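Asker: Listed below are the residues making up each chain.
2 protein chains.
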Amino acid sequence: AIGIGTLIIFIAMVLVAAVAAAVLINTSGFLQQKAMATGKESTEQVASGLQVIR
Amino acid sequence: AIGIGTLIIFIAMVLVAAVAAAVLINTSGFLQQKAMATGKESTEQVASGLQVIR
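As given, the protein sequences belong to chains n and H, one line each in that order.
Taking the deposited numbering, the leading residue of the first sequence gets 13, the next gets one more, and so forth.
Taking the deposited numbering, the leading residue of the second sequence gets 13, the next gets one more, and so forth.
By construction, these hints were calculated from the structure, which means they are not laboratory data.
Hints may contain errors.
Chain copies aren't distinguished; within one or between two, either way the pair holds.
[Stated by the list, open to error] Listed next, the in silico SDA-like pairs over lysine to any residue satisfying Cα-Cα at most 25 angstroms (straight line):
{"id": "1", "residue 1": "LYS46", "residue 2": "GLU56"}
{"id": "2", "residue 1": "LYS52", "residue 2": "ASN38"}
{"id": "3", "residue 1": "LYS46", "residue 2": "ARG66"}
{"id": "4", "residue 1": "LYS52", "residue 2": "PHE42"}
{"id": "5", "residue 1": "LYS52", "residue 2": "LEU62"}
{"id": "6", "residue 1": "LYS46", "residue 2": "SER60"}
{"id": "7", "residue 1": "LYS46", "residue 2": "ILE14"}
{"id": "8", "residue 1": "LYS46", "residue 2": "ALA59"}
{"id": "9", "residue 1": "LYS46", "residue 2": "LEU36"}
{"id": "10", "residue 1": "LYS52", "residue 2": "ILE65"}
{"id": "11", "residue 1": "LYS46", "residue 2": "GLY15"}
Let the sequences and hints guide you as you build the complete structure.
Answerer: As structure tokens, this is what we get:
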């Protein structure tokens, strides 16, 4: 009966789509930190310095 | 008479076809649960997570 295979391949299809989703969630995590730090650091750099009075 | 055997073998033929049908009905049951669970579980996985506020 045709039904049997239709079920089995659905199981696979779900699983693959899960794995594909995962990589985006993971990568978004990696990028989050890297981005946030880059902004903070760059800001402090411009904002700060010393001045010779005399 | 030829009729006698024709009857008897029909009885067998029916019974075999029953057994053959059974395995498909049974197997469809087994697969039902396994499939449904796999979908649900996979969905919850992607959908859920935590976020560090501060």
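Asker: Please go over all the hints and tell whether each is borne out by the structure.
Answerer: Status of the hints after comparison with the structure:
1. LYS46 to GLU56: Result: close within a single copy only, 16 angstroms intra versus 28 angstroms inter.
2. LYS52 to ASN38: Intra 22 angstroms, inter 21 angstroms, cutoff 25 angstroms: intra and inter.
3. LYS46 to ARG66: Only across copies: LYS46 and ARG66 sit 16 angstroms apart there, 41 angstroms inside one copy, limit 25 angstroms.
4. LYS52 to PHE42: Cα proximity of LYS52 and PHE42: one copy only (16 angstroms, versus 27 angstroms across).
5. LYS52 to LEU62: both (20 angstroms within a copy, 23 angstroms between copies)
6. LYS46 to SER60: both (22 angstroms within a copy, 23 angstroms between copies)
7. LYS46 to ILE14: For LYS46 and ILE14, only the inter-copy Cα distance (18 angstroms) is at most 25 angstroms; the intra-copy one is 50 angstroms.
8. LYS46 to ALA59: Both ways: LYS46 and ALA59 sit 20 angstroms apart in one copy and 24 angstroms across, limit 25 angstroms.
9. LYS46 to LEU36: within (15 angstroms within a copy, 27 angstroms between copies)
10. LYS52 to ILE65: Close across copies (16 angstroms), not inside one copy (29 angstroms); limit 25 angstroms.
11. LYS46 to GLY15: Answer is between; shortest inter-copy Cα gap is 14 angstroms, intra-copy 48 angstroms.
In terms of the numbered hints stated before, the structure departs from none.
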